[PDB]
Amino acid sequence: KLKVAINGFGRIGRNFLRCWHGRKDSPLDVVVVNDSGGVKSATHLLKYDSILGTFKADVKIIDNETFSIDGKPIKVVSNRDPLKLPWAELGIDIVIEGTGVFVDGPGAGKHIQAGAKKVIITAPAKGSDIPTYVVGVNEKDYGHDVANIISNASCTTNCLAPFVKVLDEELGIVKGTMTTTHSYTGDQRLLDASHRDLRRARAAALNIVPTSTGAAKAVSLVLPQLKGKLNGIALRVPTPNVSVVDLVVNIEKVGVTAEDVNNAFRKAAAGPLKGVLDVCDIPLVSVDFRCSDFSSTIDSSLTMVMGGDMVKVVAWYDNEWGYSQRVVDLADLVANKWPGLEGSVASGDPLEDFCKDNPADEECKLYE
Amino acid sequence: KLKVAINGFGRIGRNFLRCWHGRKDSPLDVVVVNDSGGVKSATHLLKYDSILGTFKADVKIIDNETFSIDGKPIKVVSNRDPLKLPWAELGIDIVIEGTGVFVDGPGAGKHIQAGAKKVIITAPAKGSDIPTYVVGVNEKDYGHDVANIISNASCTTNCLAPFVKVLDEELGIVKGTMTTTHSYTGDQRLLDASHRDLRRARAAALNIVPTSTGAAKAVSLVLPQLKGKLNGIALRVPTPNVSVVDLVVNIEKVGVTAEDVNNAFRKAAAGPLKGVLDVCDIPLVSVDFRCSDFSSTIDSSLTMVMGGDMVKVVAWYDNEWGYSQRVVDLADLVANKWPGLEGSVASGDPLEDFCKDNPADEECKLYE
Amino acid sequence: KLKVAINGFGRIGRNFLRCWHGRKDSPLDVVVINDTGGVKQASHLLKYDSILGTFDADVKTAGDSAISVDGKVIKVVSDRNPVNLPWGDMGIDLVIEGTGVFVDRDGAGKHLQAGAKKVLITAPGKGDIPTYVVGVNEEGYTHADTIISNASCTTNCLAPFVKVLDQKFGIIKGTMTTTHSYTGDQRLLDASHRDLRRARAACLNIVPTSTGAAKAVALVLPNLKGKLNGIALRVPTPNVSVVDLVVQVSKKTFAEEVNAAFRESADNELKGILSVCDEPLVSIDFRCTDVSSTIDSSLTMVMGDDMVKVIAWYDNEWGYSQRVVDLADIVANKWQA
Amino acid sequence: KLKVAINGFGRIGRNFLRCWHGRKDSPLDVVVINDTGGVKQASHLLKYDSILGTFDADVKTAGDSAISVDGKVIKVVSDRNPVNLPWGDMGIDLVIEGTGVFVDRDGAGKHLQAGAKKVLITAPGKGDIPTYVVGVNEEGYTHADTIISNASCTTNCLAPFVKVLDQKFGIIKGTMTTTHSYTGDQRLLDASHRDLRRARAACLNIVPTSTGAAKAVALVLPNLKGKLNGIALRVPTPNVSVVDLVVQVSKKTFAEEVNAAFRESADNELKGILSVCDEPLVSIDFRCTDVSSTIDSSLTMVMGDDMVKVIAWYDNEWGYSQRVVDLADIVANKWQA
Ligand SMILES: NC(=O)c1ccc[n+]([C@@H]2O[C@H](COP(=O)([O-])OP(=O)(O)OC[C@H]3O[C@@H](n4cnc5c(N)ncnc54)[C@H](O)[C@@H]3O)[C@@H](O)[C@H]2O)c1
Ligand SMILES: NC(=O)c1ccc[n+]([C@@H]2O[C@H](COP(=O)([O-])OP(=O)(O)OC[C@H]3O[C@@H](n4cnc5c(N)ncnc54)[C@H](O)[C@@H]3O)[C@@H](O)[C@H]2O)c1
Ligand SMILES: NC(=O)c1ccc[n+]([C@@H]2O[C@H](COP(=O)([O-])OP(=O)(O)OC[C@H]3O[C@@H](n4cnc5c(N)ncnc54)[C@H](O)[C@@H]3O)[C@@H](O)[C@H]2O)c1
Ligand SMILES: NC(=O)c1ccc[n+]([C@@H]2O[C@H](COP(=O)([O-])OP(=O)(O)OC[C@H]3O[C@@H](n4cnc5c(N)ncnc54)[C@H](O)[C@@H]3O)[C@@H](O)[C@H]2O)c1
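Residue numbers (our numbering), protein chains in the order written: chain A, 39 to 406; chain B, 39 to 406; chain C, 719 to 1055; chain D, 719 to 1055.
Hint data in this document are derived by calculation from the structure and do not stem from the laboratory.
Hints should not be assumed to be uniformly reliable.
To be verified - In silico PhoX-like links for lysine-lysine, alpha-carbon gap of 20 Å or less:
id, chain 1, residue 1, chain 2, residue 2
1, A, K213, B, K255
2, B, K122, A, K155
3, C, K945, D, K969
4, A, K267, B, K267
5, A, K265, B, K265
6, A, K267, B, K164
7, A, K255, A, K62
8, A, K255, B, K164
9, A, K85, A, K98
10, C, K945, C, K881
11, D, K835, C, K969
12, B, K267, A, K265
13, C, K970, D, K945
14, A, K148, B, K155
15, A, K394, B, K164
As the list claims (entries may be wrong) - Here chain C is said to cover these stretches of chain B; the calculated rule only asks that three of the stretch's residues, wherever they fall, bring their Cβ under 8 Å from a Cβ of chain C:
id, region
16, 233-246
17, 300-312
As the list claims (entries may be wrong) - Restraint-style ranges between C-beta atoms, simulated for each label pair:
id, chain 1, residue 1, chain 2, residue 2, range
18, C, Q831, A, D108, 32 to 38 Å
19, A, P262, B, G346, 53 to 59 Å
20, D, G888, C, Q885, 27 to 33 Å
21, D, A780, A, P262, 58 to 64 Å
22, C, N1051, D, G888, 48 to 54 Å
Backbone N, C-alpha and C fix where the C-beta goes; we use that ideal spot for every residue, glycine too.
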């Protein structure tokens, strides 16, 4: 329902559309990509996934500006500079940060200045300014007027977060650290190619990289309850798109069996974490959840414990696919929080949100 | 030098020019503030304080949005939204959060991209993310141009901290708790006015509310090595502006008298804790420090120990004046902290430099 | 018995409520409120008062949706729309908008426009509202009058006897002022108030201003205009204010003569409305007392027998409610519209 | 050069002390002063003030007997009887009695007894003193009044302008009132004091009263008596207060007519003495301010061209002292004795 735009299709954004297309009552709708790759290519690139199969839905490759797909004529830009590209005539409330390039917060201004009202920051928290908001985790901390520029933190984090609450919340940790089994991707040089990074510069498809990732930080970002408490490097392993966490944590709890915790997880999964926290029980591997969208992926068994306090926490998950169907919900959240809708429930008790606008109200200036 | 401004207009928005104009070392300069009440007010506001007296300054009314300060002019904004505020056009390197509603650098970020090179956080922002910036403790230990939205913890703690810092620093203390005298203010209404909180609801200057102090936590936030050892209650009390806590502290050390520590005060106060920490000797009260910028006022005599080790440790202090001096603290710091000169990377080796331009480099797609 | 709602419901409303309870046989069944604040707060708003102390009446809320006071269920709506507030589910008879922001008939009408039917405000109804005050205009008030208001406490308080003032001797000229308390309407701490005076913090400073007392003076009594007109002084106090007025009366007299001429006033009309004495009393010795004031008969000195001092610790808050609660009862009475 | 000691080292003691430092050209060699209170207290008391803040003037003194401050080492003792208060040991030039408890010329006599030369009393002395006040009784003043008085700040401030108004417009009748602050004259608590009102605590209550103003006006203004009579309103404030008077002036006029007239006066003579403006300024805006009071220009209404409200924030303490200081040094000059 909301006009959406892409500044060049996000590898994830691509499926994310088909995901969005796999979405039905989407309060949003893409209208254009900044295709600096040719439509039919992008079309094919879109119509054809390289992992979970091409789209099982028509794509009409109409003219260089606007192909269609199952009757969805979506326009095409081609530029690294947003401002000119008028998402405003395109009425694009919120623009997919189809680059990553504008990893800087202020990058998106040009895009607000290109016709965005809010900003779908596709980028994990490279900058500090914007927090991403996470379903099951920190999504609801968003109200409107809260950071129209809104991050898409790392799936790693983004799949780290959901379950990672249970521990500190249901049972209590001391601290801990993790490590993805990051599938192979493009951002590591296929061969040894000139790339500012140490490792990703090296030949990709064959090896794994212990890799810097403040996802743990980025968690502590959205989990101040864990601010400056956790750790973890990445492992860019050779798979197309799937990863599991390393995660070890000195739980505060006595050290009960994980099963219960995982039941508690499954309970919490049964709680706010539908589509978010899968705690399954079948021992299964990368394939066995490809194109499966349940954000977490745990054979409840697998994540386990050493001596109770130290917890051998591990769980498969997607890095792009599920990741995408995480973006929409939050992308929807803004539309769910979108103005124009009737949003009055109770101020006679909970005027907190009411005067959340004005703290100089009858009395609202909490913390002075 | 550094381009400065204020988000909104507060009593702290009223606080600093008193310092700043009265200052003699301020490299930076404000050029505009969002007084959404008119210079006539703003002047009458700023020219005439309620406590520190009329501004001893010819802050004069040049044009209704661009007035004078004894000859120095400053523009004025009038609005309650970052995005229209052209800190870019204003070039403002540093703006001071005056809504409070920005408990979040994110909202402050809504000025960063808007041309705020850096953002002066003023209060304890519920956004934990920003490194907890406090003088005498972590002030230098802050990282320049790293997340340029710069925290500032509660004056109460912000004044308590360097003192609270020096104590364990002098002693080593098992833990601590306290209660300040949070002067009457607006946040608690003069009337029993409808409030998101029972406490500040009441008619302010008569009732005396003990309340919540994350400032206590903020100690850990600025004294991580002292984490958890902190407590106390925010006693909102009816004064214009001075708070003072006695801190109950089980000192980890022997349990020698305080005067020794006060000698260590007399050492460290006279040491780096000048400007903030005073240990006067004449037992004196609120007035005796008004307009006085020694941002902590300990009374050695009044301070006592219980078991020699449980020290009853007091310190008078204002709540905004000294706080207003915390403004200058990073201000001149962040000023010299500002690079000014250039960098010595290698846009071949540090192709990230080349990528800083060539951000769309596969040679550069780190962690993404 | 009269279904009533209160918009902008506040202290004086809470006072009115503490009145309402103290008003045994309160013919206003005020089962509704508008207050954007929280319920327990709204409870404590009434439950826990500063000046009259907490409401000597226990408040119970089931659980958060509704609060019952003195065994009677009560409601409190919260929406800044001057209409959306559902005054129609009961078809409200009387509304009291505390906010005062609708100095035009409209917002009050907007309150009536979804069920409400009658109105009085702490704000002086500017224009499109009958200048209606007890002692002076509550009588000429025909109950067909629906949306009226009260002017300043000062205006409200002075009204009856200042009418009696020109009665007994006639007043050449009159310039009144109040020892008006401090409130949040004036910036209790320095904030963006139109009145630069009312803009500071000024917990210990006064505010030169004026009042409908200087204005409705004509609206409540015709000749009483201009020559009969003064100013207002919001002073560093929380409580019962005093009239700083010296009436240039017409008929020559001495002080107590007019107070003699105003013993009767309490003895006949000011009874309940106002009072008078010469034992020195202070605002607390006027607290929760419904006789809007007692006049300093002694220090209401005569000077030239025309320009005559008038001085009276007047209940800017409780009687103000009371008088309105009185006026409410008056409109609770004679119920046709 | 004036070997002076004042009685009752109150705030005004500190004030004039600070004024000694404040006012330039001080022949007032006030190397002693009296207050039966503890002197080192008084020192610290002098050292530390609330309103004008601590007198940052660091003082180094060796021994209880000798005290030195800002070069001008100044003695001070603590005692009740002026005869028990030796003045000839310095051959005292001037005394002022801040205590108030010596509100008759005899104490001054008793001060003159122990070796004083000149006396004045900031307070209106009960009975046996023709007071001297600038603007009113400083012209016919003679330095040859070894004992004189000032009146309360009220009169000490309310005097000139209206006299000049009486000069330039006359007044049929004047109804003067003040926002008189609180002091030791009234009880902090409800302690036993002659005036029940001054006896009361009244932390936020005013005192309806009448200072010597409407009485001292007789002396200071041989004309304006009875007709030009109001009262005092002793308020629960510690600080700079405000005039609140409505006059029935003689000559037909209007507000601004007096203002420029009131302006020009300060533009020449009430310079330092008094002031006038209309920029809304509250108490805090008058710390240590000497032009006794700026009169409001707006709210100073005028009815029938005689009924004229007047209003002005005045420094009951420092500006009073200022005025107290004013003729004080003047009598130091023309030093006949
Ligand atoms: N002094 C402290 O130690 C401390 C600590 C925590 C919080 N605070 C709060 O943070 C603020 C800092 O103190 P202060 O000196 O500025 O007093 P202040 O209360 O006047 O500052 C905030 C005020 O500025 C105004 N404001 C907010 N947003 C505005 C906008 N867009 N445009 C114009 N005005 C706006 C409001 O009046 C707001 O109350 C205060 O609200 C203070 O209560 C202070
Ligand atoms: N697919 C993901 O989950 C994801 C998410 C974030 C970052 N990354 C990594 O960072 C990059 C972004 O990945 P992606 O998912 O967004 O797919 P993507 O790599 O296709 O997104 C960038 C695309 O937009 C265009 N582009 C690049 N820079 C641009 C710029 N300044 N302006 C306009 N268009 C620009 C290009 O056509 C490019 O295909 C990739 O290199 C990837 O390795 C991946
Ligand atoms: N008591 C007096 O003598 C007097 C005289 C004149 C005016 N007033 C005004 O009336 C108020 C005092 O009366 P009170 O004791 O009953 O308390 P009160 O302050 O709560 O009554 C009015 C208040 O309603 C508030 N308001 C605005 N919108 C509102 C909404 N949707 N819901 C609820 N409140 C809303 C306003 O802030 C306003 O201050 C003060 O605001 C004062 O300014 C009082
Ligand atoms: N404008 C007026 O109404 C007015 C005028 C003159 C004096 N006064 C009174 O005198 C004081 C003037 O203001 P202030 O700042 O000086 O306050 P203040 O009360 O401190 O001044 C009076 C001082 O005299 C001292 N005192 C009392 N008895 C004494 C005695 N036998 N001998 C010596 N000292 C004695 C008191 O301790 C006090 O220090 C006030 O106490 C005031 O009440 C008032």
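Outcome of the hint check:
1. A:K213 - B:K255: Judged against 20 Å, a Cα distance of about 18 Å means the pair holds.
2. B:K122 - A:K155: holds, 13 Å
3. C:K945 - D:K969: Holds: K945 (chain C) and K969 (chain D) sit about 16 Å apart, inside 20 Å.
4. A:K267 - B:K267: holds, 17 Å
5. A:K265 - B:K265: holds, 13 Å
6. A:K267 - B:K164: OK: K267 (chain A) and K164 (chain B) at ~18 Å, within 20 Å.
7. A:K255 - A:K62: violated, 35 Å
8. A:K255 - B:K164: holds, 17 Å
9. A:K85 - A:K98: Since the Cα atoms of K85 (chain A) and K98 (chain A) sit roughly 10 Å apart, the hinted pair holds (cutoff 20 Å).
10. C:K945 - C:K881: holds, 14 Å
11. D:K835 - C:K969: violated, 53 Å
12. B:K267 - A:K265: Satisfied, since the Cα-Cα distance of roughly 17 Å is no more than 20 Å.
13. C:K970 - D:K945: With a Cα-Cα distance of about 13 Å, the restraint between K970 (chain C) and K945 (chain D) holds, given a limit of 20 Å.
14. A:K148 - B:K155: holds, 17 Å
15. A:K394 - B:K164: holds, 14 Å
16. 233-246: It holds: at least three residues are needed, and the region 233-246 of chain B offers 10 whose Cβ sits within less than 8 Å of chain C.
17. 300-312: violated (count 0)
18. C:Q831 - A:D108: 32 to 38 Å: Taking Cβ atoms as reference, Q831 (chain C) and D108 (chain A) lie about 49 Å apart, which means the hint is violated.
19. A:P262 - B:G346: 53 to 59 Å: Taking Cβ atoms as reference, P262 (chain A) and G346 (chain B) lie about 37 Å apart, which means the hint is violated.
20. D:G888 - C:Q885: 27 to 33 Å: Given about 31 Å between the Cβ atoms, the range holds.
21. D:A780 - A:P262: 58 to 64 Å: Between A780 (chain D) and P262 (chain A), where Cβ atoms are some 60 Å apart, the hint holds.
22. C:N1051 - D:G888: 48 to 54 Å: Holds, at about 53 Å.
Checked against the numbered hints given earlier, this structure breaks hints 7, 11, 17, 18 and 19; the rest are met.
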